[PDB]
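Based on these hints, arrange chain H on the given structure of chain L.
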Amino acid sequence: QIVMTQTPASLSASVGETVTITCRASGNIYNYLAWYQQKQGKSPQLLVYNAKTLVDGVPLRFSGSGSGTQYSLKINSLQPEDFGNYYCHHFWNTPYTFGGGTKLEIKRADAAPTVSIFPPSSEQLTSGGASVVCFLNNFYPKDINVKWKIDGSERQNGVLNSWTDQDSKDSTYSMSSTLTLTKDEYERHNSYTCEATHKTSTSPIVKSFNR
Amino acid sequence: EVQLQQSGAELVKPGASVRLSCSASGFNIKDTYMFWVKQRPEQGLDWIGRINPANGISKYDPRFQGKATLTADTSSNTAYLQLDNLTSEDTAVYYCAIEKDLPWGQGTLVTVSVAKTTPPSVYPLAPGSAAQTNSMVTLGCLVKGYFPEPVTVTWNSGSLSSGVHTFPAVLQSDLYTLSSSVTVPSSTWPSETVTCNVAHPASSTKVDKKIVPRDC
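If you're matching them up, the sequences are chains L and H in order. Here the first sequence stands for residues 1 to 211, numbered as in the deposited numbering. Here the second sequence stands for residues 1 to 137, 140 to 155, 157 to 158, 163 to 170, 172 to 181, 184 to 197, 200 to 201, 203 to 224, 227 to 231, numbered as in the deposited numbering.
These are computed hints drawn from the structure, not numbers from a lab. Don't take each hint at face value.
Straight-line alpha carbon distances no greater than 25 Å define the calculated PhoX-like cross-link-like pairs of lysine-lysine that follow [said to hold, decoys possible]:
#: 1; chain 1: L; residue 1: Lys183; chain 2: H; residue 2: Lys222
#: 2; chain 1: L; residue 1: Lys107; chain 2: L; residue 2: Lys199
#: 3; chain 1: L; residue 1: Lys107; chain 2: L; residue 2: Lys142
#: 4; chain 1: H; residue 1: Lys219; chain 2: L; residue 2: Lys42
#: 5; chain 1: L; residue 1: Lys147; chain 2: L; residue 2: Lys207
#: 6; chain 1: L; residue 1: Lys199; chain 2: L; residue 2: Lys103
#: 7; chain 1: L; residue 1: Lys52; chain 2: H; residue 2: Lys100
#: 8; chain 1: L; residue 1: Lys39; chain 2: L; residue 2: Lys107
#: 9; chain 1: L; residue 1: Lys107; chain 2: L; residue 2: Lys207
#: 10; chain 1: L; residue 1: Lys39; chain 2: H; residue 2: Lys100
#: 11; chain 1: L; residue 1: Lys183; chain 2: H; residue 2: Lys100
#: 12; chain 1: H; residue 1: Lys222; chain 2: L; residue 2: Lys42
Isolated chain L (complex conformation):
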């Protein structure tokens, strides 16, 4: 069948910039192509069909083109809500295959993580568990590292980290770090420290409670 080969895999550009996502069909597809944007947790949205026709209700900044085996999405004057995935889809013949996608992140000025830490809820302590949590909200770039120093000593056991996706207005990220201990162990240590090291300052952000 005709295999869609999409590029580039991951992309970073800033607001105001012009970008181009290219899709190369193994075989000729005579303009039977369509582009989508899938935002995290939502259904893929169609942008343009039949290679060049832009869908109604879709911004003029999204221009589509191509001929033969080469086709490419063009985003002139990028905007903050343009982050997401873009899939080029073929439907010349069966099976109608999808390209591998493009993770488009939005280049923005750097920003430091504003952090906060929370001791375990009174309620949880009785279940036989203790979860110390720390939220490092709103930073950019995504690279960031937090270390849990229990009584002044590093612990890396039972820590769960999760991150959100780029905000719609500001393009930043947030992360939640969770060190889960047994009620017993939590009770036999005092200071609990969520220390984070970003790229915006050389001296690490520290937030801790003594209990």
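Showing chain H alone in chain L's frame:
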């Protein structure tokens, strides 16, 4: 209006079979081609096959030929997809769409697992009495110990919008853990009531937990 409504989320032992339904409201199925798209968690879009409901003929991708079967009945105007001999490899979100200018269905979640349903336990995250007499405060909610997906967290019954971040769930011994934060100004807390509300449909469980200061 005109839109496709897909069925609800599923929880199945492996080896089991499912039959998902996709409804067309305000338009007639028989006049279009309908296709289904699969999407493994964190992965991309796979086309399953298309169907023309009129003549009842469907075209699949060889990878799904012996796993999926698209069937369309114009009478109730509902299109279906049946999955056979489920395996972990089939746990994903399924989409329903028409080959034209119309938005696809919201998709259906099919979680294949031996793990039985388990309601979460939400613990409220109140700070340890530190200088909270500064512009904005950050409250938290930690939802954990539930299966399957998805849970829903909102703040003060959906009224608190700006400042909330619900981070994605993650497995542990086949149990998820998720958590949400909200940044309300120092003034509103606690001069007003901020509460974390979470609904886990799979177990007909909803839980409200009032974020309140820690004592002594």
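Hint by hint, here is what the structure shows:
no.	hint	in the structure
1	L/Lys183 with H/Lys222	holds, 21 Å
2	L/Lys107 with L/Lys199	holds, 15 Å
3	L/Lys107 with L/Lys142	holds, 11 Å
4	H/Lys219 with L/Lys42	holds, 23 Å
5	L/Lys147 with L/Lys207	holds, 11 Å
6	L/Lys199 with L/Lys103	holds, 22 Å
7	L/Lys52 with H/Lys100	holds, 15 Å
8	L/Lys39 with L/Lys107	holds, 17 Å
9	L/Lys107 with L/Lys207	violated, 28 Å
10	L/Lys39 with H/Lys100	holds, 21 Å
11	L/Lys183 with H/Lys100	violated, 57 Å
12	H/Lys222 with L/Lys42	violated, 28 Å
Hint check: violations occur at hints 9, 11, 12; the rest are consistent with the structure.
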